[PDB]
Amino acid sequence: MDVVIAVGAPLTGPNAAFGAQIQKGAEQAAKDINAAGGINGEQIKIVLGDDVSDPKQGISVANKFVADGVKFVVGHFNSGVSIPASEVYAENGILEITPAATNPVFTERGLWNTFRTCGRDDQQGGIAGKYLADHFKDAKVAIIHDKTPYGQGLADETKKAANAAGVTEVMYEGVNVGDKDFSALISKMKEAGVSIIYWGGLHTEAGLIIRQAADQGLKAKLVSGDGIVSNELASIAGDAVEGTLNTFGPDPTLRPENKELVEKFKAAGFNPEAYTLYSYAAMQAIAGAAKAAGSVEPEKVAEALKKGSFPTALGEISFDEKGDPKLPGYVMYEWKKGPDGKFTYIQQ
């Protein structure tokens, strides 16, 4: 019988673009795995669930997945969704592998079922904080976060690392997700002589801040994390996005092994940027571990994930005892016009 695998993601709402990356990546991997004979001879059946980046709607999705006989979940995107959802999964025989949720808490609760193909924010903040000290040692830095455990958690990790490396911020502020007028904050930063904004949060608020800062005459460079890696950032921010910096893993679209896969996505009308191949890889890890376990039981697949190594679009993947992957670390990107004339993130 079919192996039922769910995609839990923000298919609508502010982060819909990231939902699309996750859906498209997982769907293509399922198609490719099915074409090669499925998982241990069984076809994959995909079910979708839209969390709208809202923890409450996320748990409704989790419940739907349980009811529908889901065995594996690729998702979610937001740590604030994935963390509560993973408890439902853990208590109901479901393995969850997130391609994008980076809050350390996700894999620090001793749950049997939690895995990622992405990194975590203690690693990410360490890289960013060191970068701030290395390149902007003398700058007046504002640390701003979106008041979520993800955003504030990332800002706090970065603050710790920067502080240790000799950079003391002049401002530390929280804003609410969904708020869109930042003029008062921007004015405060101007008066404080801020030239660097570290942003702990996602692309919507980031693009708004970038756009408004430029309009209000604040010359500052925004630096963020992997929450802003979408074309939509440039759509919101406009040309002001140029020079923006952010941390992210190595770009998988650039791996030689993935050239055909990337061309196939584009032939289907999708640009497989950012988390698309992280989602693809999550599916590959599940299939790989199932093959090694000789079983599609989530508990057995989880054990196998923590023992072996498996081929993926991210390169050969293996997992530590907590479910975190052993893959290349974070690097800094800068936003510049790419060969196709569009602003995007390019590794420095």
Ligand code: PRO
The other form holds:
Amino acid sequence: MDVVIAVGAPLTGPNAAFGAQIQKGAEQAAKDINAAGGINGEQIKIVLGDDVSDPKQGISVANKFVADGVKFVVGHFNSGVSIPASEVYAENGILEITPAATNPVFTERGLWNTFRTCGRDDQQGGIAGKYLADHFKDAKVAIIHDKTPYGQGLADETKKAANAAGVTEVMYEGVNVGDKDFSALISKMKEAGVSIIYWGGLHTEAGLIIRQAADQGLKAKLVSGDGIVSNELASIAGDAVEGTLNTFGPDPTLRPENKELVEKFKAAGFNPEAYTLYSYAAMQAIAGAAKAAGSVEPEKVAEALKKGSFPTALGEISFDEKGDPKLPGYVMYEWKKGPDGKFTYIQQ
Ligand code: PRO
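Next up, the form solved in complex with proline (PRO) in place of the form deposited without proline (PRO)?
Okay, now the whole complex, with that chain kicking things off.
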């Protein structure tokens, strides 16, 4: 009997590019695992659900997944979607491994079923806060967030670390996802002499802020996190994106063992950036743990994940008792023109 595995992701809406990363990564992993004989002899069947980065629609997706006999979910992208969806999964025998949801709460509720292949924002905020102090000790910093669990959570963790290392921000403000006119906020930052904008949120608003700041004459560098890692940031921001900084794990597309896999994606017409290989790795973790458990029962795979080590596109993976992965930590990237002439994030 096929093992039914769902991709729950923002396949449409503002984060569609991230949805594609997650979908393409999981689909390719399923194809590769199937060609190798499947999971414990059984083929993987992929089902898709589009959450539109909307917690309400994410809950409808989770219901559809339960009805369809889903056993494992790779997803979701947004913490605000993943946290509520994970309770549906937890109460209905489904293991959820997110490749991108970073808010600490996701693995801090004592749920048997929650795992990640990505980091978490107390870690990320610690790294970013220290960076702010190490490199911009005397800067006037504005901390701005998007009022979501991810965005404000990250901004708050960073504020805490930055404050402890001696940086006191001159502004702390929230904006709404979907707001597009940042003239007033930018003017306020200019008045306050801001030279660094720390952004807790995703690429859409970051891109709008970067573009508008340059147009309005605010000389400030934007520093953000693992929510801005998409070419779409550059498409919105334009050349003003240059010099933007952000935290993210080591770029898995640069790992030598992934050379052939990255070439395969491109031969299929997809640039497998950012979370693509985190999603691929989530699939591999499920397959590895089922192999170790001698079972595809989600509760048994969960136990196996917490015990063993498994080969993935991110490197050898293992998990703590909360379901967080033991992998390389966050590093700082800068936006510059890559070898292909496009602006992208390059590790400093
Ligand atoms: O948890 C979240 O919502 C964001 C999405 C990309 C990185 N973490």
